[PDB]
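Below you'll find only one chain, the form deposited in one PDB entry, shown as structure tokens.
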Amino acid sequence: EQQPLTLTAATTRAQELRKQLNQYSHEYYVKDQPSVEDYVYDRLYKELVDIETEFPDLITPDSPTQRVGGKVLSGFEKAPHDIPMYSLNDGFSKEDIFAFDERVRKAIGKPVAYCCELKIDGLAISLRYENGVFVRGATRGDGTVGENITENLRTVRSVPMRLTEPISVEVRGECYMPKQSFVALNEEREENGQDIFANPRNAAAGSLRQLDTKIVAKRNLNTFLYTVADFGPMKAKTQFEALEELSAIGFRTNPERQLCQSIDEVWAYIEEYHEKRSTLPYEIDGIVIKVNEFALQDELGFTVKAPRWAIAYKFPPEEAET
């Protein structure tokens, strides 16, 4: 009648199971290419649950079992941003974008390649990892102080609990509610006699600011990550490389990015994705254009208000394109 696992055996097995389950979840949710059928995942997940039940000391805050929600907070602690979450200067016309390029070429003294990305219209987030483990999730707030929504973000399945390497990094991006989920949610709320959300951004914000993680877990949220606060522990020397590296270590990144060699190529990208906007399952409010080379970003630096190496081209509001 003796239990099969010792504490040390249970500890090692739990570690193995967590690594495997984190991999499978990444494949299933982020790659959208699961290597195993659901029954395989479910089987290993149950084994972990049973270990954690028998040995509660082995439960880690980042374990796959901590994803499902249930915890309820009394309030959100403030979440300072030691490195500010800056906002970009905006452009609205072809003139604004070509003028930006002219200013960049003036400062650098040669043509400059640009990493072009979609500007995801959701809730800006910062994800802190310590030795490869998710330890803090925060909203942007005013860019200097946000809200600690760590537990809520654990329920968002695209957020990795562990990275492929044990690095410490502060990763920034957006969390959003897909358009199809938003419309469904609003109908559910209508039927419940609840106030509807004005748009998917408010719906994502409402969801991430719920104190009851069980409620948050029921909502459909996703993420795209595109930068870090400090590239010190990263190998990347360009923004395009940085996106590849973030994807490699386990973050969901947006696949529509393109490296452009001239501002004329940047313009074509802007035109391309204005047309593609309606076909995407997530909202965008424009296009972000960044000098690709980190060396050149460093040279350009920031003004008091924003980077001198990037601009956001703003499309008309989503509401103006039905």
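Here, rigid core means the biggest group of C-alpha atoms that superpose within 1.5 Å across both forms. Residue numbers count along the first chain shown, from 1. First, how it differs from the form deposited in another entry.
- Here the two forms are overlaid on the core, and between the two forms the C-alpha of 58 is the only one among 58, 280, 260, 268 to shift by 2 Å or more.
- When the larger part is held fixed by a C-alpha superposition, the smaller rigid part turns by 15° between the two forms.
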Given for the second form:
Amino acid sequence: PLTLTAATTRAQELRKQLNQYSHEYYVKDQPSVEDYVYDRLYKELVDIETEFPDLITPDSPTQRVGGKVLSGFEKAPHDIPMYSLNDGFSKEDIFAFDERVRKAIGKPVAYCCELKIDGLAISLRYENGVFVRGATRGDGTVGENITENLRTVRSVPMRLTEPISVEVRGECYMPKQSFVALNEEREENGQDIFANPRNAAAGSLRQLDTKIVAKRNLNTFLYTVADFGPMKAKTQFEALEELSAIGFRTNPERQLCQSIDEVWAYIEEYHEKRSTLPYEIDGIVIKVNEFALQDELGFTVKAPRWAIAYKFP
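In place of the form deposited in one PDB entry, output the structure of the form deposited in another entry.
If you are looking for partners or other molecules, they are not here, because only the chain is given.
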């Protein structure tokens, strides 16, 4: 049959190939091959892994199912803190924000606009391309180490394109439909339902048994790089492209707005588009695009001065 020498090599080929399909299907939401092509190879790999468990690696797709069970979560400090967002609620709130930015900067400023995803903020640290820590925001300077649980989030890469060392932050959420499904499953089990998708997302990520988490149907959008490493983005918009480039899920709805008035267009555009989305959002995030300018404005103690969230009512 298959020898260890042969299986060791064949396994790499399968992880490589399978991980490629999973990337397309989970990160680009656009698969290339038919499901049964995937399953065939995935079953070949499992058979190889079951015969020689020693070839099992963290970047293998068979580990997306979890199995580990923790006692509790370890503290996960953030040397670079995970800030919060200042809030706006009116057109006045947004336009006053813009007024403040031009006052301190002394010129017109371009805004990257992103949809504020209603879920759990997460931070992801990679070294030489390997995923080594996943963390909640916690209180901004200390979160919880939820690395095991995030191994089961399919859109989170166990290994990157480039062997690059970087930490990136974004949202982990449950799409509306998985929300509904989970709640029905919970009704059937006679438990309390989750009031909303962000609560489901947050309880899922606090489950100690990673095998339950795997089943939960979670997804990510990455939007900030905390530790650039060799990374080269110089504006936020640029950063969002470069996050895709190295292989994270980014939300496609982000725009680049050269005026506050366009910013108010965007907020309206997706305020009416809000229900048409598979995921829930609780507003819009407006960011000063130029990193050089985000720097100049800098940070209050809570939230950055170069950004603000327009929250829907």
